[PDB]
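Knowing the structure of chain H, use the given hints to seat chains I and L with the ligand on it.
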Amino acid sequence: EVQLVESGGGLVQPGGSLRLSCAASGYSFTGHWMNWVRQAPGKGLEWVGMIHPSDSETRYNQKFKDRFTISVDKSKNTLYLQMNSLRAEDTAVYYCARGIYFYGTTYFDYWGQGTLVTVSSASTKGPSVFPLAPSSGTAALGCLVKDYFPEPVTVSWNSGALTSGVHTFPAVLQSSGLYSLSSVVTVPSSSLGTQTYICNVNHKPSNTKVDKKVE
Amino acid sequence: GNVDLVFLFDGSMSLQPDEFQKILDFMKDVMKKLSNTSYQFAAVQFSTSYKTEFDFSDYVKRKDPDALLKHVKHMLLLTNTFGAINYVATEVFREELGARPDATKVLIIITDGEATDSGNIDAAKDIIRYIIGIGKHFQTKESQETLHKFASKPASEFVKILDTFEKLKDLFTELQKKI
Amino acid sequence: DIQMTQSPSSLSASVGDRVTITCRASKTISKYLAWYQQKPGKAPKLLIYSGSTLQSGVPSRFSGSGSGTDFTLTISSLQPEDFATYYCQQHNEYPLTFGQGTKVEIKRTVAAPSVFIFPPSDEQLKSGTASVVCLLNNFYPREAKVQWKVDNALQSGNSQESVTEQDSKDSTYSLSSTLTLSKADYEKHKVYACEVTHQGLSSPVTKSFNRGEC
Ligand SMILES: [Zn+2]
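Residue numbers (the entry's author numbering), protein chains in the order written: chain H, 1 to 136, 142 to 220; chain I, 128 to 306; chain L, 1 to 214.
These aren't lab readings, by the way, just hints derived from the structure by calculation.
Just so you know, even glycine gets a beta-carbon here, dropped at the ideal spot from N, CA and C.
Be careful, since some hints might not be right.
Beyond 12 Å from chain H on every Cβ pair, some chain I residues (computed) [what the hints assert, rightly or not]:
| id | residue |
| --- | --- |
| 1 | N129 |
| 2 | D145 |
| 3 | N163 |
| 4 | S184 |
| 5 | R227 |
| 6 | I254 |
| 7 | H264 |
Straight-line distance between alpha carbons at most 27 Å, and here's what the computed BS3-like set of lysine-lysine pairs gives [stated by the list, open to error]:
| id | chain 1 | residue 1 | chain 2 | residue 2 |
| --- | --- | --- | --- | --- |
| 8 | I | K200 | L | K31 |
| 9 | I | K178 | L | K31 |
| 10 | H | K74 | I | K149 |
The calculated label-pair distances, taken between Cβ atoms and stated as ranges, are [what the hints assert, rightly or not]:
| id | chain 1 | residue 1 | chain 2 | residue 2 | range |
| --- | --- | --- | --- | --- | --- |
| 11 | L | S77 | I | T217 | 27 to 33 Å |
| 12 | I | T175 | L | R142 | 50 to 56 Å |
| 13 | L | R108 | H | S75 | 48 to 54 Å |
| 14 | L | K188 | H | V177 | 23 to 29 Å |
| 15 | H | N163 | L | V191 | 51 to 57 Å |
| 16 | L | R108 | H | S194 | 25 to 31 Å |
| 17 | H | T143 | L | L125 | 23 to 29 Å |
| 18 | L | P8 | I | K268 | 54 to 60 Å |
| 19 | L | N158 | H | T201 | 32 to 38 Å |
| 20 | H | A122 | L | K42 | 23 to 29 Å |
| 21 | I | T300 | H | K214 | 43 to 49 Å |
| 22 | L | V191 | H | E220 | 44 to 50 Å |
| 23 | L | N158 | H | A122 | 18 to 24 Å |
| 24 | L | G200 | H | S120 | 23 to 29 Å |
Pulled out of the complex, with its shape left as it was, chain H reads as follows:
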């Protein structure tokens, strides 16, 4: 199974640096070109460049050749991306994708899940989870993950054993400057009181793992 896992993102101060990682699994690493494609919150995609594991031949988009450096570690089958003097615009999700060099130039067929890089001079903050208790034949209960920076926050319920009727809403930026969002789920009106409902609130940047049982 071709697998492209990513890591290394988070919050970085302007004029700072950060090195992303792309751990690939499932194919012969030194046989395919590897690319880095970023995506500005809610915008188009942008190509950064490509490198070839076998010897590190590289080809960049000029826009990124001045600050972005690409390298690799054949030993670990890991792809890296060195970014310097980052600015507000460089905030985006950076994916790494394997690519086919056979036709024309290059088109990508196996992408990674993505990594959110936020460039701001604000400080990381841990989220707080407040229960959204159920009504006093369908009822819903949620978890409110308040004040936390930067993004993102992942939320699942009962270790992921409960997926139906689960809605985790997009993070909303509040005037304080922190983010906040909720995560609700609709369950039978009968299972309440007897069935235990816990959400799992994980904020990676601020390394905050909170488990919150509702009611």
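Coordinates of chains I and L with the ligand only, in the frame set by chain H:
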């Protein structure tokens, strides 16, 4: 002692981007196993035209199977096999490109369909040829027998037809069990 | 240099309809153009490469075609799962350039939102901030008004809404509006009503609770 080996692989249109890939990896497993030796390879891709993907002096210079086949591009065309075998015999086995006169010239052909042109390979009379028929077009016997002409006799030894491209890993392991 | 323009920047089509997105190029690019499908929050998935060829795994309903400068992605017989932003990129010269995409949304029948209202948790009261959260589940279209009323007072400037992307199966949205106050202005009032006016709703539906009882 030393043997110059050439890879004449098919980049026709009946090749899927995944099937082509297995062909490039087979050639990569062949060179890894046979590196650290007298051997010194070259590769030429044929379809309608004929391109040498890397010659003998490029090998001695680079040596890394992977890094040599990185700028390879699928041609998606015809399968002019005759013109290929001749191109390899008068354009590739040359000392300007870095062929050793004292070496025994070998050619491994890898096609997935019947030749698309006509002529003869009398120029590559002194070039031991191994042809390999891959799959789904080499199923009936009338087709398998057409590859006999490109190979050396007995064709019984020099011609190898495979059921699937996934059977190339197998042929690799059959050459790891040989002499 | 190579500007890829896509059209339209978004569209809604009933399940089953034949969709067609066009991506025109700056300067010809032979038949080299690929198409990707980005589901919300996930990574683009290759679909079509070299103008019209289907990737192995892509359902037949996806089709490409065109050459030179004008290409078109043709989704014949849209589905409820086919919800996402469809990107187009050329692979004939560097640097590789992409399009701007086109959000393709699934048009359905009207849907009534189920209103709910949540009284601030006391754990948040011991913080000094109260946030009342109102929920509207599985509705359509996406447009829907929410009005906050603290003892018949329309709370303006102190509310925010969170609308979810369409459901990959069911096709409906969901929203979440919250009201931020001071544990001072909260425990200063009892009635807290959430007003929801949706197309689906024959008449404005309100849910609410009393402070100190909930
Ligand atoms: Zn063929």
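Hints, verified against the model:
In this structure I:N129 is separated from chain H by more than 12 Å, as the shortest Cβ-Cβ distance comes to about 25 Å. At roughly 10 Å, the least C-beta separation between I:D145 and chain H is not larger than 12 Å, which violates its mark as non-interface. Separation of I:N163 from chain H is adequate, the least Cβ-Cβ distance of about 18 Å exceeding the 12 Å criterion. Against the 12 Å criterion, I:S184 stays outside the reach of chain H, whose nearest CB is about 17 Å from its own CB.
No Cβ of chain H approaches the Cβ of I:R227 within 12 Å, the least distance being about 25 Å, so the stated non-interface status holds. With a closest Cβ-Cβ approach of about 28 Å to chain H, I:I254 is found to remain outside the 12 Å limit, as its non-interface label requires. Non-interface status of I:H264 relative to chain H is upheld: no Cβ of that chain comes within 12 Å, the nearest being about 21 Å off. Pair hint I:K200 plus L:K31 holds up; C-alpha atoms about 16 Å apart against a cutoff of 27 Å.
Of the pairs offered as hints, the one joining I:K178 and L:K31 holds, with about 22 Å between alpha carbons and a cut-off of 27 Å not exceeded. With a CA separation close to 21 Å, the supplied pair H:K74 and I:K149 stays within the 27 Å bound. Separation of L:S77 from I:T217 is about 55 Å and departs from the stated range, judged on CB atoms against 27 to 33 Å. The supplied range of 50 to 56 Å is met by I:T175 and L:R142, whose beta-carbon atoms lie about 53 Å from each other.
Roughly 52 Å separates the CB atoms of L:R108 and H:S75, a value that falls within the hinted 48 to 54 Å. Roughly 25 Å separates the CB atoms of L:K188 and H:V177, a value that falls within the hinted 23 to 29 Å. A C-beta distance of roughly 35 Å is found between H:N163 and L:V191, which places it outside the suggested range of 51 to 57 Å. Checked against the hint of 25 to 31 Å, the C-beta distance between L:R108 and H:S194 comes to roughly 26 Å, which is consistent with it.
Taken as a hint, the range 23 to 29 Å holds for the pair H:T143 and L:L125, whose Cβ atoms sit roughly 28 Å apart. Range check, L:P8 to I:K268: Cβ separation about 56 Å, and the 54 to 60 Å hint holds. Against the hinted window of 32 to 38 Å, the Cβ-Cβ separation of L:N158 and H:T201 comes to about 34 Å, which satisfies the hint. Taking 23 to 29 Å as the suggested C-beta distance range, the pair H:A122 and L:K42 conforms, at roughly 27 Å.
Under the hint 43 to 49 Å, the C-beta atoms of I:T300 and H:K214, about 47 Å apart, fit the expected range. Between L:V191 and H:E220 the C-beta distance comes to about 24 Å, which lies outside the given range of 44 to 50 Å. Between L:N158 and H:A122 the beta carbon distance is about 22 Å. The supplied range of 18 to 24 Å therefore holds. The beta-carbon spacing between L:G200 and H:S120, approximately 40 Å, falls outside the hinted interval of 23 to 29 Å.
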